[PDB]
Structure formats: structure tokens, C-alpha cells
Amino acid sequence: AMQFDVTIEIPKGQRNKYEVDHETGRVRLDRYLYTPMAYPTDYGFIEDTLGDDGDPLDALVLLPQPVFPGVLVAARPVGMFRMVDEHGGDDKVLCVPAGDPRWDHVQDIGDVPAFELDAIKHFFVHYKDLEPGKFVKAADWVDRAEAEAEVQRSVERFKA
Amino acid sequence: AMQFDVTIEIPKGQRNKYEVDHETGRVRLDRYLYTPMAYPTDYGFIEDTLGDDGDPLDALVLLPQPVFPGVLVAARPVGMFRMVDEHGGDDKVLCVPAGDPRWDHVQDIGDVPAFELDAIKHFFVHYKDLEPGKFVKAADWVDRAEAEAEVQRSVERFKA
Amino acid sequence: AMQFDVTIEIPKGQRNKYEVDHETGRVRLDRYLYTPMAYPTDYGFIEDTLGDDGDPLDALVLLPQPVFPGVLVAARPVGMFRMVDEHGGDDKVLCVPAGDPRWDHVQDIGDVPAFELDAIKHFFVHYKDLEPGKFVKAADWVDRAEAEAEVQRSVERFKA
Amino acid sequence: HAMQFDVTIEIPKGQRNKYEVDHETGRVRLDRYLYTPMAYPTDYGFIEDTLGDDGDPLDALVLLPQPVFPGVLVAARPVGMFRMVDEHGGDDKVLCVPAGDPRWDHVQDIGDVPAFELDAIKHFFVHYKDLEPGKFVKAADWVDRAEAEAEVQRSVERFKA
Amino acid sequence: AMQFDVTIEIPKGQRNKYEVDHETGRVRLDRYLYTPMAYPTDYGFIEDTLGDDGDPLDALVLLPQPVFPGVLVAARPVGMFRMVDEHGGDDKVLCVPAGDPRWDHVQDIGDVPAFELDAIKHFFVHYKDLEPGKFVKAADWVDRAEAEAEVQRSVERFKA
Amino acid sequence: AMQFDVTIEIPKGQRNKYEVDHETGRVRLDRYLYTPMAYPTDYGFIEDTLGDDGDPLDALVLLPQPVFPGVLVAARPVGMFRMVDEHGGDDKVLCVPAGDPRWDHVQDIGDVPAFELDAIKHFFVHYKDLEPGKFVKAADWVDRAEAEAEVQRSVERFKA
Ligand SMILES: [Mn+2]
Ligand SMILES: [Mn+2]
Ligand SMILES: [Mn+2]
Ligand SMILES: [Mn+2]
Ligand SMILES: [Mn+2]
Ligand SMILES: [Mn+2]
Ligand SMILES: [Mn+2]
Ligand SMILES: [Mn+2]
Ligand SMILES: [Mn+2]
Ligand SMILES: [Mn+2]
Ligand SMILES: [Mn+2]
Ligand SMILES: [Mn+2]
Ligand SMILES: [Mn+2]
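Chains as they are written, first to last, in the numbering used here: chain A, 1 to 160; chain W, 1 to 160; chain U, 1 to 160; chain R, 1 to 161; chain B, 1 to 160; chain F, 1 to 160.
The reader is advised that the hints may include incorrect statements.
Partner residues aside, some chain B positions facing chain F, computed with beta carbon under 8 Å [what the hints assert, rightly or not]: (1) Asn16; (2) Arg26; (3) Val27; (4) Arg28; (5) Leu29; (6) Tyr32; (7) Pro69.
No wet-lab data here; the hints were simulated from the structure. Ideal placement from N, C-alpha and C gives every residue a C-beta, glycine not left out.
Generate the whole structure from the sequences, applying the supplied hints.
Printed below as a string of C-alpha cells:
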């Protein structure tokens, strides 16, 4: 199975929206969420990747226990989250701990329960509601194949 | 000046929806919220009150630090959240700790920041979204004068 | 299906071994565990039950987020962990939230992954190691069907 | 073999919320959020089935490896006692350890408890009501187990009524 | 208006006193506080600055939720806490999140409630009581005007 | 009195096993423990050391309150935990905070409570029981002298 390193930024259950500066490597508090919400999974980005956005690929890792900001996690993709915000479209690869036999039952998006997909979906749609000039309008889940595809592309974009 | 005991059953920043079984007096777990949200303020009910649904009038206490389920808080009202859900209407009296000079600046609804109010509204609208048969269709923030009316109106229902 | 209330004595991830006093209903601290390990799931006993020893039938509740000591949970049995401690035999009914469609996929002992069962098993074997005179020799897993009997056994002898 | 009793913990260690169990109801109430940037240095509560001069149970300080929740019972034995003087006059707070726990066998009398912790506990109770409107602390000091047991002994026979 | 990056080294509600080694940039546990107190705000230092100490200016950031050690926070001054300890005089800039509309009502030291200002003062007056050969004899608050002066002085001292 | 810097990797009470990448410097999640156990003391490694197995000296630090991953601590040794996992000798140097008057009564292994030494031993022996092809077959405590000697050997190994 495919594998890559994910740098976690925001731990599951956080309302503080942390970001990592991609030059200094410092953790930074972007802002406190204006809505009464909390990140449903550990949120971050895939190290050594690059998209059309300019930034690296955003990522979502399902973990038994959350971690700290800036922490590295070797993960593998089981799907991807496509959505359209006020900055056009951005993608978010759904991931699972790599080299962990406890996560062998989750091989693709269909193995991730709809309840958690619906929750993650719900979060990203509404978390910016009370921020002027910010929104999330479209959202849908796509399978491991297109996720691995988009990751394969974005690894190559980083090389050049 | 009004004053009453609010039994807080759900702490701030929690996703486990706790209920106090008014018959037995025990703290019961109702459900884990289906949306990835957390209670904006400590949420509970007012003691020795009663309403149309046979359940006590609900309360929202603003605190510098959260409390535990089943904890009592001497509180005074400063507004009320009027919402209309699945089971008709449910009004929630926004309160402040009584006998605390640190909260003397909060007298009426206008004294509470609009951002806190928008966040509290946002929660009670959206928190039952993914649950089937559950919904919310009207949501307003009324002043203290009306909150004091709805308390007293509900206090007397208990007296009967 | 069968359904009952479980009082949670010890939250998941606890080294403090709480126990509910059954003559009063109070939450007594039994002891801080001598071993460097925490309770693998939310732990407690089934309400309105009585065993071969005078204590209610012990129970484990699979939960997404842990609760507090003394909290009630509408439960549904899906298996049972039998051990043999220093005081002879003991029974541990493995349960899930009753009425939560997120736990409809778990209908029997086999549905729970064997890593969570081995973890639970590993805890109850070793947690009394450094305590003197106390031990655990035999420890195996039975199925839902037999667990349901043990409950109903404990129910009827309680009725008497 | 020794003297012991129940202790209902009201406030866990590291807390700024001032919880109070109603002795007539059994309900846990939030008294106040401490007005100073200080946390309770030990698990604070009272000795169950006692009665102090003030018509309330004798206060207790239980040293624990890990804190508990409010309303939790802990079988305990006294090791010393904290006597202070505040706006109400003089309160008495029994310093305790878990009863029947051999990990605390090395703490028999107050001299066994290290100085930095006794100071830390005292320092809290001197300063915790400084910024609080009409409340203050004048004096505070420690006494040995002999005196500690005696006040509990007075407090237990005084309970019978 | 003036604005800068604060590096929070000690989160709010902490008795562990962390500090950043300004040469290596790594976090270091200086000492567990000898008194039973906790930092009332998030405590840190201003980046790209230097006082007479040979050390940057210490910063006090008011936040809705605390951050982790080493996290950057874009902030602006609204006052300054000036004290005199055993080593000499130490000054601490009282800040709020910059570019955050929820803190736009906080403009000067007068806008921060006195209760919180007394509390912050009380910490630094008493947190080194039980520490030997360590004390403070002066503790006063000053406005943004004088605060901004010291922040600028030290920004200029940085260039060498 | 010998002293040195320890980098803490895993705070006391964690089930997430973090690891500092020595060649990189970043914190990584190695694995979530398969056993239901938690690290009984803060665990990490001594800075600028080198052993037969290519890593630095693993170290245990007794603290009143835990730290975060990557935090540095001035520490002095009082003993050493000898163990033999699947990869032969993997000793752990037991430490206390250096220059902290509250730890002066702890000068050698005998001064540490036996119950806490039993718990540390217990942890490392069992925490890989459920992981296949992994174990700990040996476990012994030794003098401060033995500990100090092994440390000084590995400081010698480092200079190359
Ligand atoms: Mn990202
Ligand atoms: Mn993006
Ligand atoms: Mn918007
Ligand atoms: Mn209602
Ligand atoms: Mn039980
Ligand atoms: Mn008293
Ligand atoms: Mn005063
Ligand atoms: Mn300074
Ligand atoms: Mn400093
Ligand atoms: Mn001093
Ligand atoms: Mn090693
Ligand atoms: Mn290692
Ligand atoms: Mn094995």
C-alpha cells in the first residue's frame, strides 16, 4: 500500500486553528474559530508535496488518540475530500496510520463509516460561517484511487 | 434583582450530551453529538421550574472556567435564546453567576458580545443537523425583561 | 433486543480505580493502581443486577468519548469477558450504546476487533500484578448469546 | 491498627473553581471562581460524619498521587493539621493520607511530609483570598498528628446528637 | 498601528515554567513553580527584539483559549506591566490578538477589566515568595503610549 | 555532582509513543501502544550521548508535573534501569531535576520509593506484550555509580 509522512497541525477536538509556516517550520496561531466547532480529525499536510494552490496537500488522519502540532505521522490514503471554498477549490486527503495492522480493515472510503464522513463534511461546510467573505459551498467524497492519483501528481510537482 | 440555582449538566467545550434524569436525579448520558461541535457555554436547567413540555426551563451560564455535570450555580438572567425545533419551542435563559462583581458589567443582552451570541445561536441551530427527524427553523435573541418573564412564568408552573 | 442501564464507575484512561458504594450510591476511591496502566474502556456495573457474590454484574461500555464517574448509559450487550481473580471467578459484560445507529454494525463479539479485546484482556490480567495476594490466572472471551444469559441470570436472582 | 475515617473530596488538586458540597442536600455547588491566580495545592474536602465548632464537618486535606473528582469518598488517616486564622476566625484543616495504603506508610507524622509541600499548602491558604472583596488571612501554621487526632476526636463525639 | 509576533512559551493555567533558549530556539523546562500558582495569561516574548537584559521583551497575550509552547501569535500592545525583581527591573507588554475583530474593543489598559489586571499583578508579586533570594518590590500598570515606547526602544536595540 | 540535558519524548501518562528523529530533530509518532498502558514517568533521551545501538542514552525523569515532547530538562542521575528487549541491552538512566532543592533527598536508587521503581519496571516489561516478535526478558535496578559510569562511557562514544 502507498505511504507518506503527514505533519499534523491541528489536533482532533481543537478550536484553535494552528498553521505551520512552510519556511521557518514554526507553529503559528492563525485564529480562534468564530463558530462553536472543533476539528473532527487530526488535520495537517503531507510533507514534501506541492499542489496547484502553491501550498502542500492538506491531510486528515484518523487516529485512536490525537497528537500535538508539528508532529510527524506515517500515513496511507483511504480517500480524498473535494470541496470549493472562497479560494476556489482545495483538496484534503483522508489518511490512516501506515504500517498499523489495526487499520487493515479500512482500505477505502467505503470502509470509513458514513457517520464520520458526514461529520468531517459537516465541519468544513460550517466552520467559517461566521467569518465575513469566507465560505464552503461544494463538498463530496472520492475514493482511494483518485486520492493516490492526486498525491502521486503533487509529489512530482514538489520535485520541480 | 432576580436570582436562582442553575443545575449545569453539560460543561463548555463538550461533545458528550449529558442529561439529568429529573425523576431519579442521576446524571445520564443522552448521546455523543452527531455533528463535530462543542457546547459554547455551560448548559443546563433552572431548579424548581417547569414548562409546557413538563421539563424544567433550560439555562446557559457564562463562566470563566467550566464545571462538572450536576453542579449547582447561583445565577441571574441577562437575556434568553428563543429557538423553535422538532418538539415545538425550547427557550434557553442566558445567565451570569450571581453575587459576582466581575460580571456586574453584564446586565442586559446588549452587554454580551455579539460574537459570543452568534456562536451560541450557531450551535443550537446546527448541532442536530445530521440526526434524522431533528431540526431547528427559528432562532432569536431576546432581552432580559422577556427572560425574567419566562422564568417567573415557568417558576409558577412548578408551584402548581 | 435486550437493553439496560450501566453506571460507569471508572472513565476510560484512568489509573484511579473508583467504585460505587452500593448501600449509599456514593463514588468511593478504592485505590490508585499499583501498575503503570489505565482502564482500556469505560468501566462499571449493570444497574438492577445481583451476582453470585452480592455485587451487581460488572460491565464494559465501548464509547467514542469517555464519561464521568456515576454517569448512566443505555447499553446493549455484544459479548462478555470472563476471568478468574483471587476471589474466584468474575464476569465482565461488553456493551455498546443502545439506540445509537453508529453501533449497529457491532452485533456480536466477532464484530469488535481482536486488538481491542486483547487490550482489554491484557489490562485485567496484569493490573493486579504488584498487589500482594491478588492475581489473575484464567481469562477468555464468550459471545453475545451467552452474555445475554448471564445478565438475565443476574437479573432474576436480583429480583428475589 | 490506627485511626481512620471517610473524607469526601470537594475540590480536586490543581483547581481554581471553589466547589462546596451542601451537607444538608448532598449536592455539589460552585461557591466561586477564585479571585487570585492560584490552584488548590491538594485535594480539598471534609471528614464525613464529624461536626466542627462552626456547625460544619471538619475540613480535610488529602495528599494523593493523582487527584479525584468532586464528591468522591476516600478512606484516610490523619498525619498533621493546618490551623489558620481568616475573616471567620480560626479554621482547622486536617492533613491526611490514604488509609490502608502501604505507599503512604512512610508518612506517619507531619515531620515526614516534606517542607516545600507544607509551605506550598500554607502559602495557598494565606494568599488565595487576597483579591477577594471582604475576606482576608491573618495567621497560619502547622501542628502534629497528636493534636490532629484530638480535634477529630472532639469533632466525632460532638457529631452524636 | 504597531504590531508584532509573540512567542508564547508558557500557556495559561500552567505551573510548569518553560523558557525558550534564545540561541538554540528550543523549549526548556526552567522550573516547576515553588508556589501553588498558575500563569494567569499566556506568557511569552516578542520576536526580533532586545532589552537591556540581553533578552527580548516578555509578552502577556490575552487569548480566548491557550496555545502550546513555541507557538507564534501576531499581537499588538494595549499596555505594559512594569515590575522590579531581585535581578532588577522587568517589563511585560500586555497584548491582544492583532487583526482580530473580537479584541478591537480592547484599545488601552483602561479597557482591560481591573479584576484581570489585579490578578495578573498578583501572580508576579507572589509566585516567587517561597523561592529564596528572589522577590519583587514594585508592581504597576502603564498605558499603551508608554508601553509602545519600550517596545520600539528594544526593536531598535535589536539591530547590531 | 554529574548533570546533563535530557530531551523528553513522551510525557508521563501518555499512550502515544513519540520519538525524536535524531537526524532531523522533529517529533514523530512511532505508534499508539497496543497494550492499555501509560508511561509512568517522563521518558526521553540524554542530549549529546551515543550508545552501542546507534541512538543516545534513553532517560527517565521524575517530575512533579509532566512536560511536552521536545522540552529540555537540566537533570542529574540517581540510578539506572537495566533491560534487555528483542535488540539486546537497552538501559534507561533514572534522573531528577538538577539544582532543584526539592529533589536533594534523592541521591541514589535506594532513595527513590520502591513502589515507583516497580511500576517503571512493570511498564517496560509488558508494554510490547501484544506486539509480535517483541519482548523484554531482563530487568534490574543499579547504583547511581553504575548509572553515572554508563553515561560517561557514552559521552566518550559521542566525540567522533
Ligand atoms: Mn493544511
Ligand atoms: Mn488547501
Ligand atoms: Mn461566511
Ligand atoms: Mn426545555
Ligand atoms: Mn464494577
Ligand atoms: Mn470548616
Ligand atoms: Mn482581601
Ligand atoms: Mn525579560
Ligand atoms: Mn524571563
Ligand atoms: Mn523569596
Ligand atoms: Mn535507545
Ligand atoms: Mn527508544
Ligand atoms: Mn509479543
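### Task
May I ask which of the numbered hints given earlier this structure violates, with the numbers listed in increasing order?
none
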